[PDB]
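This is what each chain is made of:
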Amino acid sequence: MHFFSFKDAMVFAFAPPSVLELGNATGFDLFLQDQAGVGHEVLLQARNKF
Amino acid sequence: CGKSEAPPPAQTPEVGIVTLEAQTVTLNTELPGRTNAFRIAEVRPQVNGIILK
Numbered sequence: 014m015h016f017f018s019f020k021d022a023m024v025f026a027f028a029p030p031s032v033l034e035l036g037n038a039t040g041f042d043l044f045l046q047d048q049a050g051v052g053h054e055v056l057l058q059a060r061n062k063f
Numbered sequence: 367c368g369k370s371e372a373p374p375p376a377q378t379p380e381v382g383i384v385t386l387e388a389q390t391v392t393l394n395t396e397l398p399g400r401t402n403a404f405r406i407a408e409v410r411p412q413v414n415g416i417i418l419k
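Taken in order, these protein sequences are the chains called A and B.
Going left to right, the first sequence walks through residues 14 to 63 as this note's numbering numbers them.
Going left to right, the second sequence walks through residues 367 to 419 as this note's numbering numbers them.
Hints in this document: simulated from the structure, not taken from any laboratory.
It is possible that part of the hints are untrue.
Said to hold, decoys possible - Interface residues of chain B toward chain A, partial, derived using beta-carbon atoms under 10 Å: (1) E380; (2) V381; (3) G382.
The beta carbon of each residue, even a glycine, is placed where N, CA and C say it ideally should be.
Please model the entire structure based on the sequences and the hints provided.
This is how it looks when you write it as C-alpha cells:
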C-alpha cells in the first residue's frame, strides 16, 4: 500500500476477513435509496454530497 | 503510552506530463466508387433486316 501510491491507476489493495462467506472486505455497508422517484442525477449528487 | 505516528500531511503529489507543440497535419478522406469506361458505344442498327454475317 505504500508502494502502490503510483500515478496511473487508483490501486487499493487489501486482505479478506476471517470468515470469507461474510463479504470480501470489513467495515460497514449501507444503501441510499431514491423513494420519491426523482431522477438519477439527484441521487448521484446526494451520494457525492454524502 | 504513545503510538500516534502522524504521517507528513503535505505531499503535492506527482503527475504525468507531456508538452504539446505546433504541428502540421494533412486531412484526407476515403470514399467508395465505381470505375466507368471512357467511351462506351452500344452498337445499335440503323436499318432493318436479317443479320447475314
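Cross-check of the supplied hints:
1. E380: Constraint on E380(B) satisfied, holds at 6 Å.
2. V381: holds, 7 Å
3. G382: holds, 5 Å
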